[PDB]
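Next up: a single chain in structure tokens, the form deposited without the partner chain.
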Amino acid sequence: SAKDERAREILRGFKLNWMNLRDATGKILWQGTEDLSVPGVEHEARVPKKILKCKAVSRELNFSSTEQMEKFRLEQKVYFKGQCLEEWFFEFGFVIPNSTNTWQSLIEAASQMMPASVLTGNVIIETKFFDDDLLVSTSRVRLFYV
């Protein structure tokens, strides 16, 4: 199919170079250079348990893309033992072909949170990579709170 092939081109030319998370203070809480967007494998991350007590977290995402995108955006879900507890939407917008970009996002928490000791290893963050309405990939990170 025609859309399938375009999605595979975009995936092929895409790379997450690095990321970090700060208290919205700022204070780096987590950082990494592993490309967590790679689909098909379950990635793992260890975050400080005190992140659960932040009102907001500031994220920085550095990525490269050989393909042009008209509307790059993410849909991200927290899954707890298979169950979706919370969802976020983030839009970056237009991406220049063969560009490298730094993206800043403010992530806010919504209800009361289970303890870190209950959550740890039982939380999966699922990220869906879209160009407008075309799904380019799905990736997963399992979280441990340390």
The other form holds:
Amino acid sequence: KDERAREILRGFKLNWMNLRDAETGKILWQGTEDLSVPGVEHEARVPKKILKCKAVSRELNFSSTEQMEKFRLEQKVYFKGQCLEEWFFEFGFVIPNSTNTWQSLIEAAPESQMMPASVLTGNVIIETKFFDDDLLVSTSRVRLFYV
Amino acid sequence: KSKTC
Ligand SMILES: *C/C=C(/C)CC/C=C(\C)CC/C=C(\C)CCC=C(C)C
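Please move on to the form solved in complex with the partner chain, as the form deposited without the partner chain is already shown.
Below, the chain from earlier opens the complete complex, with every other chain and molecule after it.
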């Protein structure tokens, strides 16, 4: 089970990922680091004007040698160690040895609830748990700078 | 609705 988790994780690869303003269509951010790798605090700089988008299209392209019955993510957004938000995304079935693109639309809260960049930058950690159904495959973390 | 994206 920890053995399976490890073969799933050993077989997995976040190839690329984009964040795009869903109104203008422009890409605001893209990385190709396997920000999915556990045991390390990754970092990411995003342009602070991302906070002004009404919605952001996140596009993730991933490979998996192993099949997954129900690939999904749970992402907690921590601010100075305090959980502000909890997001759940489901891809579903993953064919063995595939490469897949997963798109998700993340909609902004009303403006009066958006957090300012100056308060967020450097203080936000996104903690992502990678599951196949109920098997926790890994947990990765990213610290965000809004530059 | 996200407050941080
Ligand atoms: C929508 C705007 C913001 C600022 C969120 C930015 C989030 C980033 C840069 C990190 C994304 C982390 C992910 C998608 C988890 C990757 C881990 C696996 C695929 C297991």
